[PDB]
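Trainee: Now for the letters of each chain:
There are 2 protein chains.
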Amino acid sequence: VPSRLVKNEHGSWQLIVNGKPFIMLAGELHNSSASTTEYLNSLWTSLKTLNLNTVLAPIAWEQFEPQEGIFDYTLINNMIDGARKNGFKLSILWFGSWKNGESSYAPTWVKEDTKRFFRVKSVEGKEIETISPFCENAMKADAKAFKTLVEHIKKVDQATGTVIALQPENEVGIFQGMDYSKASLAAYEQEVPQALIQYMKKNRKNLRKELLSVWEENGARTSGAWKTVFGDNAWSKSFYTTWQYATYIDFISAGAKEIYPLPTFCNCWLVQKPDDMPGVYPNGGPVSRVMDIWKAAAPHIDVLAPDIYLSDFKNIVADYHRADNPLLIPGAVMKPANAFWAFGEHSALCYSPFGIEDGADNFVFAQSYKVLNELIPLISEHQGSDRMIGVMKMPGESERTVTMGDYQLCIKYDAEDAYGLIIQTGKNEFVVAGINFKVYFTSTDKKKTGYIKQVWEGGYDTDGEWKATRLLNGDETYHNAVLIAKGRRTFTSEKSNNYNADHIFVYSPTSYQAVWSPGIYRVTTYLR
Amino acid sequence: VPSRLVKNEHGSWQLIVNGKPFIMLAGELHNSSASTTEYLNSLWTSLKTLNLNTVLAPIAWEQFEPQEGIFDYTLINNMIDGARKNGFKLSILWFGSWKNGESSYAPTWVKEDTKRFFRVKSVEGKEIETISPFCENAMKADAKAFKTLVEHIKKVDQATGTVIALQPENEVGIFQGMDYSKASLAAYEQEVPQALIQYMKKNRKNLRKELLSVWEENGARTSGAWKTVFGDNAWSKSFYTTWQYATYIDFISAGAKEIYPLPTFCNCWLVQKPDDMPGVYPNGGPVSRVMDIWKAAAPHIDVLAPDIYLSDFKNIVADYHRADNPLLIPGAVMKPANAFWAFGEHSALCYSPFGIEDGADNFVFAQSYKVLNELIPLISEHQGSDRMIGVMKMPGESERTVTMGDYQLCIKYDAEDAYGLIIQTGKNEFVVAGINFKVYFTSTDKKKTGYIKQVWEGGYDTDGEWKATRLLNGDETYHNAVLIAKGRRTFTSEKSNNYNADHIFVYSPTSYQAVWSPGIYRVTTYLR
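Those protein sequence lines, which keep their order, are chains B and A. For reference, each letter of the first sequence is one residue, going 20 to 522, 526 to 550 in the entry's author numbering. For reference, each letter of the second sequence is one residue, going 20 to 522, 526 to 550 in the entry's author numbering.
Calculated directly from the structure, the hints in this document are not laboratory data. Incorrect hints may have been included.
Pairs count within a copy or across copies, as identical chains cannot be separated in the list.
Here are the simulated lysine-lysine pairs, DSSO-like style, with alpha carbons at most 30 Å apart [unchecked claim]:
(1) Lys-472 to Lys-163
(2) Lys-220 to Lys-467
(3) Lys-134 to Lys-467
(4) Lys-67 to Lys-486
(5) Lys-173 to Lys-221
(6) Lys-39 to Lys-228
(7) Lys-446 to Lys-130
(8) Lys-472 to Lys-333
(9) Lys-486 to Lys-104
(10) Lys-389 to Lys-431
(11) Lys-67 to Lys-145
(12) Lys-472 to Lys-166
(13) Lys-201 to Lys-467
(14) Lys-174 to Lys-446
(15) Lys-505 to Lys-333
(16) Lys-446 to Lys-134
(17) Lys-134 to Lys-465
(18) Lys-431 to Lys-130
(19) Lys-174 to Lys-104
(20) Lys-472 to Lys-221
(21) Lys-221 to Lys-246
(22) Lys-224 to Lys-166
Isolated chain B (complex conformation):
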């Protein structure tokens, strides 16, 4: 297989694509944007301006299997062709049984047979436009269609590896406390599967507190029915619902894994607010609260991947990043700070703004992905190590202090939008990337004086070699008192006529207004 997840010397998972470490500098198309060849083909040049290396794009079951047994390879073939022609990798999103909780992408022949493919029932007894996760017919039909898709991908792509990942379903779950279908009601009464109990015993110390607390409130029993082991309540209902979803999707993934195993992730719609009960978000999806249930139920799913559109980004990513779960963000906001934080602080595999094709000529985001691309080899070398951190200011923060080997770094922010990453590449050497912050280096050990030795601004060329554009000194480093991560500059056409001395004094007359994006800096340090 040309794409594989492999744990590195630090215990961080890495994506190895065509034999090298690969980080998805990605974006996800709008949902309907891959539904015709012409519409998708109209987007490639937009996407290239953003410097993506990876596009997340859906294949819909309704179009892929328009009548049962009859497959249409038009869209996957054209998608793969266009990605190759435009220098992109693909992560294929499978909009099958469920997309945002519902079954709107199921085939017409699935939708119209509600006897074979039964629906979720509301508390009111009404069938909704969601196939029940308790319907094995649907599970089997979805599995067959997905495995057929993956068979084809292997046939047309095993040698090239344009396709590097798979996402079965999209943000699954019900907007209810439970499914009231007869099969759901019956499942709730059953014995808790031993695979879950055995996972909880084995992983007891590291279980989510949400699962552990319910289990323990009911005696932490190692057998019995759902309502015996977890009580009769919203959580027990969520737990057996989640078990069913993870189980159904695991079955779909396993069929694919058996013939062509690619890195496979499932994505969640987040618990939007801390008090929210299951069903205000999709009940069943791999939110962090039920991470253990998904891991226990679905070993053919590699990663549980948060879709993040909320402002509390740093806390959210820390919540999803675990020893058994690399950070992978398939839908997010088009904000470069978030990318640098995910990649540098949490060694993330993917950052992917949603609706990417509508953001062409977002210049700062584009130049941010250019800089991240230059850094992929170095980021890859330091994933999971304590020698790499992110930088990202949040409202009301003024600094970050960290210790890195012999040095203390005081990161101070110079604007609301301040972000980047820092890698200690050497005992006395750092690479700093980003914008709108400064770094002060001092000695950890107080019997010594630590100082910047030399600062170089630059980038990595198309061969991966460091090329310096300036040795930054004097005004540009306040005489090596500090690293200023001002960023790479781009003058605009607009006149600036800025010639007056501004009263540490630096005279910086300017004729044009300018635009700024992350820079890359190599700092050597010394102790005396």
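For chain B, the structure is supplied; the task is to place chain A on it using the hints.
Mentor: Below, chain A alone, put in the same frame as chain B:
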């Protein structure tokens, strides 16, 4: 004849041009814009940008017969040539005896001979700049010139049919209660024509309440003078004045119909305000109040056509559209909503903004005509059908609810400017065109569930074949909860810089601002 009016299976009148149904996506030139070949010829490229298929343009009697018996074919010839070169059909307006009530386009040799061609007189006894409709010399002179123009058109156009319709005179009538010329005063004393009496007897159930009530109030008499049959009042005055106008113009039309019968319409200056008496608007014109008088008097006039510049567009068009009177709007505002409403709700033959050459920069209007052109075959097939409706929001309105066979449609407006049309093309299929509304589909039969099955966005190509641009799903249909008629999108060059999440959540980042115009959607539904 290459243009004719023919009633379809639904009893709606259609214009059949060169043997195919034709709807006039039209505009009228400013009055003086066809007065030289150079001035007209400078307009054709402007007109093409608006996606017109038809131009309404005048021929002026003063120019066509500048000396009695001497005809100048320069302007008609150049107009037909230009229309053919630029792919337009023509409706020819004949500005003869009257235009906007007055006689300013009568030839100089008519104007100067008030003995032969006598004028309307005011209540003060002043002769005005309007030829009296009681002057048979002017009727016959106008008729001879009009026939001569129509003979020429047949000679140069009977095979091509660039000219598809004729409008004799323009907004006729007097700004007085009655004409006070000798002949007018004598006519008021005459016996009501039997053709009017018999029309009222036979058509009583469909008569205007304006005419029926005055008849009834005076005993519904079947003989007697105007003042006996209708009383001595402003209405009686309007009725005999209107009879006169309709008779004079019928004679003019009849001479052309004998030699080359083209669809023929006469247009009105509306009753501007409900209390307005005859004479505040042109007394004699075919306003809906006296439409029965026009129908009784003028069998050689096919359509009575309102010029509409007032905002109460829906009430007005419903007032003019009758079983014996298709909707034809030769002068209107340049507003796409009005077009969609006229064509969809009332199966109109023509929509025509006045002063069209001035509106060449109207992107949205141009794109609206592009979509209506794509829909002409489909609109044509459903004219007069209960399967076709229009959509148009008026201030303060929130929704429209309609039944279409098995489905109930709830149309909700998402902006002030919300318009389009809806056609049920199948038991379980709809075409929806337009912008800024949503359509919710449910089942009429209360014990079934109706839902959207699939949604495509697209258009009709230059062969008339449907071409889908997307299968709309997910965010784009709220997971098939609703049809969103967002419209066809055109990015402008203007920067948007719009990357913030906006808290059903959809993440829609945009680099450029956009303009929207009507789209076309194909919606399949189902019942489970």
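Trainee: Hint by hint, note whether the structure agrees.
Mentor: Hint check results:
1. With identical chains, the CA atoms of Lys-472 and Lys-163 are at most 30 Å apart between copies only, with a shortest distance of 22 Å across copies and 62 Å within one.
2. When the C-alpha separation of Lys-220 and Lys-467 is checked against a cutoff of 30 Å, the pair qualifies neither within a copy, at 50 Å, nor between copies, at 48 Å.
3. With identical chains, the CA atoms of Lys-134 and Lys-467 are at most 30 Å apart between copies only, with a shortest distance of 15 Å across copies and 78 Å within one.
4. With identical chains, the CA atoms of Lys-67 and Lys-486 are at most 30 Å apart both within one copy (24 Å) and between copies (27 Å).
5. In this homomeric assembly, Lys-173 and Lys-221 never come within 30 Å of each other (Cα to Cα): the closest approach is 36 Å inside a single copy and 79 Å across copies.
6. For a Cα distance limit of 30 Å, the shortest separation of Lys-39 from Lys-228 qualifies neither inside one copy, at 37 Å, nor across copies, at 73 Å.
7. Taking the closest pair of Cα atoms, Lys-446 and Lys-130 come within 30 Å of each other only across two copies (18 Å); inside a single copy the shortest separation is 62 Å, beyond that limit.
8. For the homomeric pair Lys-472 and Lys-333, neither the shortest alpha-carbon distance inside one copy (32 Å) nor that between copies (40 Å) is at most 30 Å.
9. In the homo-oligomer, the alpha carbons of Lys-486 and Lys-104 lie at most 30 Å apart both inside one protomer (29 Å) and across protomers (25 Å), since each shortest distance falls under that limit.
10. With identical chains, the CA atoms of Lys-389 and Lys-431 are at most 30 Å apart within one copy only, with a shortest distance of 24 Å there and 44 Å across copies.
11. Within a single copy, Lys-67 and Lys-145 get their C-alpha atoms no closer than 46 Å, and across copies no closer than 54 Å, so neither meets the 30 Å cut-off.
12. Taking the closest pair of Cα atoms, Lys-472 and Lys-166 come within 30 Å of each other only across two copies (25 Å); inside a single copy the shortest separation is 57 Å, beyond that limit.
13. Taking the shortest Cα distances, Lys-201 and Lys-467 sit within 30 Å of each other only across copies (20 Å), while inside one copy they are farther apart (73 Å).
14. Proximity of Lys-174 to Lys-446 under the C-alpha cut-off of 30 Å is found in neither arrangement, the shortest distances being 48 Å within a copy and 42 Å between copies.
15. Taking CA atoms no more than 30 Å apart as the test, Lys-505 paired with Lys-333 passes inside one copy only; the shortest distance there is 23 Å, against 35 Å between copies.
16. In the homo-oligomer, the alpha carbons of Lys-446 and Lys-134 lie at most 30 Å apart only across protomers (23 Å), although the nearest pairing inside one protomer, at 67 Å, exceeds that limit.
17. In the homo-oligomer, the alpha carbons of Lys-134 and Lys-465 lie at most 30 Å apart only across protomers (20 Å), although the nearest pairing inside one protomer, at 75 Å, exceeds that limit.
18. In this homomeric assembly, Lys-431 and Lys-130 come within 30 Å of each other (Cα to Cα) only across copies, at 26 Å, whereas the closest approach inside a single copy is 56 Å.
19. Taking identical chains as interchangeable, the C-alpha atoms of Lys-174 and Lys-104 lie at most 30 Å apart only when both belong to the same chain, with a minimum of 19 Å there against 55 Å between chains.
20. Taking the shortest Cα distances, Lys-472 and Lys-221 never come within 30 Å of each other, neither inside one copy (50 Å) nor across copies (46 Å).
21. Taking the shortest alpha-carbon separations for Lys-221 and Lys-246, only the intra-copy value of 22 Å comes in at or below 30 Å, while the best inter-copy value is 81 Å.
22. For the homomeric pair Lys-224 and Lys-166, neither the shortest alpha-carbon distance inside one copy (36 Å) nor that between copies (70 Å) is at most 30 Å.
The structure is inconsistent with the numbered hints 2, 5, 6, 8, 11, 14, 20 and 22, although it conforms to all the rest.
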